[PDB]
Amino acid sequence: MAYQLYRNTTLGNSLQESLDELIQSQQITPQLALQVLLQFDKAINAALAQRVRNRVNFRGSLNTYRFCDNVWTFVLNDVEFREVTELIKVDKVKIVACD
Amino acid sequence: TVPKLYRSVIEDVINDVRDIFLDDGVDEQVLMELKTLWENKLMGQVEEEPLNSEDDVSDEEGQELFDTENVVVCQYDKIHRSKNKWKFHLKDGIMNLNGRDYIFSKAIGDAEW
Amino acid sequence: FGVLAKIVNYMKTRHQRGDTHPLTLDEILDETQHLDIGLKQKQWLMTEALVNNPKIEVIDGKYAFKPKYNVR
Amino acid sequence: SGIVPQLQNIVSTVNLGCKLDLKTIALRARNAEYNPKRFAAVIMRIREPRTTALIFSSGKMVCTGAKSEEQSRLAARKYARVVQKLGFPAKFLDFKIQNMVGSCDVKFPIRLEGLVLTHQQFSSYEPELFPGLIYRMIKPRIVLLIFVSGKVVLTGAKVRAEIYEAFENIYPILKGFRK
Amino acid sequence: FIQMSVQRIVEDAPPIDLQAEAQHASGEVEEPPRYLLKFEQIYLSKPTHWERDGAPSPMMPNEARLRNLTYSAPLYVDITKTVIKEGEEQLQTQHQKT
Amino acid sequence: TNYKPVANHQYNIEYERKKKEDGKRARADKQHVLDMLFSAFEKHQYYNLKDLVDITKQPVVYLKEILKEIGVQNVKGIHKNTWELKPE
Amino acid sequence: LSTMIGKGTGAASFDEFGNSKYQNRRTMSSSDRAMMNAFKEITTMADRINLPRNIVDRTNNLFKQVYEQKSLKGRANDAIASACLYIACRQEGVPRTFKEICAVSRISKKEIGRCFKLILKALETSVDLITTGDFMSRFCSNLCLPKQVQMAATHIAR
Amino acid sequence: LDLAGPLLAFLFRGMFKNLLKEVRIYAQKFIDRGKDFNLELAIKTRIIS
Amino acid sequence: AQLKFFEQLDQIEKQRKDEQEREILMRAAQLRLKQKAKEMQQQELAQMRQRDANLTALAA
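Protein chains in written order, with the entry's author numbering: chain H, 1 to 99; chain U, 9 to 51, 307 to 376; chain Y, 75 to 146; chain S, 159 to 337; chain L, 50 to 147; chain G, 151 to 238; chain A, 80 to 237; chain R, 393 to 441; chain F, 942 to 970, 981 to 1011.
Among the hints, a few may not be true.
Said to hold, decoys possible - Simulated pairs of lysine-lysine, DSS-like, Cα-Cα distance not exceeding 25 Å:
{"no.": "1", "chain 1": "G", "residue 1": "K174", "chain 2": "G", "residue 2": "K214"}
{"no.": "2", "chain 1": "Y", "residue 1": "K114", "chain 2": "G", "residue 2": "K169"}
{"no.": "3", "chain 1": "G", "residue 1": "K169", "chain 2": "U", "residue 2": "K350"}
Simulated from the structure, these hints should not be mistaken for lab results.
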């Protein structure tokens, strides 16, 4: 019962796998696992909002886009993420945005 | 840098879940075991009704099914488009490019359709 | 308590089905996607308060026959 | 006259004959967007015809951006086929061209002041509101935006014949006010 | 009258206090903004007549007699408007010679 | 300087910007609207339609239809005839 | 065809808890009350920029014709009144810019212009095109420029 | 003896009170709506004159 | 388990003391009633907040 964005990332996947292992071991109940996920979502949202103070840029081309329930699902190709300190090249990217 | 932010996030998460672990009556050792496993895992057609007259008018839908490529999840403040181009004021979020993770506060983007 | 009025609406649609039979609270809570814990106990305290004023009839035994006038 | 207007946008409405789920269409379609707070329909774009269509839950769809009648019909059919591929019983019923927009140049500056003085019954020139003169032709129900640079934009037409006839009517009048 | 009484009448009038009637039905911890208006420093111009064109011009008394005009002078007041929205900031905009 | 020519008054542009950003209230599904209505009623027994519209954040016509389905208007000595969220 | 009643004398006029005039007089119909409010708004707007009373009367007549014609019944009253004021100024030969009318009216310039177009269509009339010389007198006087400067500016623009 | 000054002062007292009353009413409407009323529009110039 | 029942009885005494040890602070300037009222208010927000979660999971 929260924003639930970072669950489908490396961090959320690792947390979910750990919770699955404890559930298999019966150490934690699924309700406790869900509560842990909710608290993680709150904490991660706050942490990114507060402790991140860097500005990034990127350019490229767009191949697809979708919008529903205030959820953008852009799909770009040949993107160049440009930053003052470093530049990164990617063949394709999917940008999921919410608010 | 990013690992240090990850460790700070670990501290915040454990502090945030302590109260729930007390509320549900579960012993605190669960949090230690969770952190251990989490760290280990990380590191003329007059009759026009038939639409079959045209075919292959779409593209491969497997990109969204795969999602294996690089993925960026963030929040958007303003998104404008003027007849050709899509413009992006994406605010603080996370990016997963080539496995390595990137963290940002302000993201500006211009794309063509 | 709002979920309780929603249960009342559910049993009203149940009357609309015409298959009204003596029931209980657990099966309704299951079919309405709600659980059976101490929450059901406090809402059952509210539900008995309802049984003190159930113009929509909710009796304890064989029940739910709301309509003060009812033949078919 | 030697000048023919070229169409810049065509608006066509077609009924699919079946109710639709806007949320499902937004979730499953490729380029569709749905913001019920902003607008009650679903906005979708296809690049090959280079058009945009609005799809409503009532089953009626509006296609805009097509440069030709054939392109408009093909784009509407493509949108209907996309909706049908999403599992809905979409059809192609009472397709009609509601409005057409054309543009052209007369290749000479025009004195809009004299034009509005001569044709005040049909002309409306308000530089405060809009620099272009608005001419409301009667015999064809066409609205023409005439500019001092000579560009003329015609709108409100149902068929290309109306666009061409309106330009043919307006051209001698404009030639009378060449700067 | 003009030099003292008009200014004193302006200053004697109590400041206008205005606030919304619990707008938005939110927590409403003094959330409705408070608008305070205070009139000050009245100014009088010389007698002036504005034509059909709207161009101001001095009005001679004989012209007032001939054209049945009224010999009057514009009256201007400085007004200070303060907005208190309980946002921890109060802004006091000043309107000059209203 | 008084009554200087302006294209649009400042307060009006601010109000229009706020309204545009907020947007029109969307018509949500019947189930969620009903659940929100029932919780609101749980707060206490009597609600006015205006504040109920504020609470539900739904179109007035759609909310009125859903409320007419279950709730009933009672003429009362509180101030006026208002809605009753109890179905019976 | 109405009257109204006052307090009168102090005796039986006020009753059990101060009944007043037995009542409040409660006169008229909306097809006249709305027009009356529009007339009041027109006078206020005109006095804001010191428009003469003849322009006010022409505005009132234009508003009566528009209001009875009823093609602008969906448009808010104040917009109609502001557009009528603009049209009356144009017909009297002393045009005020749309921004000048918006400065004294709560209605925005865009809405005033739209109602102006609609009123022109409803009345089946027209207004002479504005020229640079129309605004020279007011602009120069508000800038307090000399008469020679005003003449020079008018000649330069023409 | 009440000369021109005191009499006009009495009248101006009354009319300035009326002007402030009208400003109060006009601004209160807009404040209830949540718009930030313009002071120049609130002032009804005709009252005093 | 019997010891856990005794700890629950102690938590019940602690909640009574906290509610009453200041139902008195309010008087010096009903605490339990206020807490209950506060809990009642959240329910509506929680669900309006909550079902968004269900649709966002479907969306992503």
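| query | If you check each hint against the structure, which ones fail? | reply | Of the numbered hints given earlier, the structure breaks just one, which is hint 2.
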